[PDB]
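**Student:** Once you've looked at the hints, dock chains S and X against the given chain U.
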Amino acid sequence: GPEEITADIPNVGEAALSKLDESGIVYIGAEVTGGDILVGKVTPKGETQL
Amino acid sequence: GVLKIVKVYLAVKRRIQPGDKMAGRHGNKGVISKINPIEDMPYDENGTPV
Amino acid sequence: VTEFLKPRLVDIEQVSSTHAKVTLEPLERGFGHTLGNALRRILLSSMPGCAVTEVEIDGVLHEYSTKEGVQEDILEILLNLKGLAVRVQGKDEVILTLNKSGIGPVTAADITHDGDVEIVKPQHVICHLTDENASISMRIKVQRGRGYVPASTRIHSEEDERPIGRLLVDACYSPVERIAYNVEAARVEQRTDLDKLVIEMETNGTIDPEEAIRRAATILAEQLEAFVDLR
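Protein chains in written order, with the entry's author numbering: chain U, 846 to 895; chain S, 1045 to 1094; chain X, 5 to 235.
What the hints contain is simulated information worked out from the structure, not anything from laboratory work.
Under the rule of at most 30 Å between Cα atoms (straight-line distance), these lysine-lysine pairs were calculated in the BS3-like manner:
id, chain 1, residue 1, chain 2, residue 2
1, X, 86, S, 1057
2, S, 1057, X, 145
3, X, 125, X, 86
A partial selection of chain U residues facing chain X, derived with a Cβ cut-off under 7 Å:
id, residue
4, 872
5, 873
6, 874
7, 875
8, 876
All C-beta atoms, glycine included, are put in the ideal place defined by N, C-alpha and C.
One chain only, chain U, in its complex shape:
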């Protein structure tokens, strides 16, 4: 399936999505540091095989 640019990211708190807009992309002017999400993207996977 297609990868999706989104602000709805699993295993990531609301604090790490603080400077992303509703499209999952960082705001212009945002002071970011290493590890901050700039563009939120999720890849569809399957068969986790727990």
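**Tutor:** Only chains S and X this time, still in chain U's reference frame:
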């Protein structure tokens, strides 16, 4: 295969720090070893530090 | 032999708004240079002062941008505001406001008048408006501190900086630009081995010279208590 691309542009101000290579126009390269406090630098009769 | 003559602050020759000459007299043999270098090293590193630490320019989001009608980039305006010399009376943080419209230089004399804030160089140019319909409006946060605190030390200390558009300025808080000292011979009544110490002092205008000498000598005397006690 590509559905979309998001290019983010980061502007990073890099201050000078020990390990940065500095040079003159006469082949006198070198690496900053220490950043010395102003009252530790050598100074002339008028108090102007180097 | 076991008793020393102690110096006293004899003279303050205020050469300029930002340049002074303090005389300490009389000094025993060798104490001119002891006190001179201790006071120079403290005056040059440890004096408190107010510096611009944050600016909110009205329409801008980051400093790598340009305002329309202003001749300078926002980064150059912030570098001009970094060198703004303010003395704040009775506070440790103030927010100044600068609104200015029309063609001309936006100087420090255009910052709106706070009662407990004194701009010591009102001719200090902040920007140039090059358009008659252009206007600039900023909220400049002046803060009292000591030494040099870069904004890098201050970004991710929490500071509740939810607003994008609040730009941090590196804060050089020290009001002292240059200390020189000279040990001359004093003209005391009986003795000839007595010195005097002249401290030439360039500042940004925002600290009194005698007050800075008092403050540096107080810092010395408080650091010497651990040795006077020595337990």
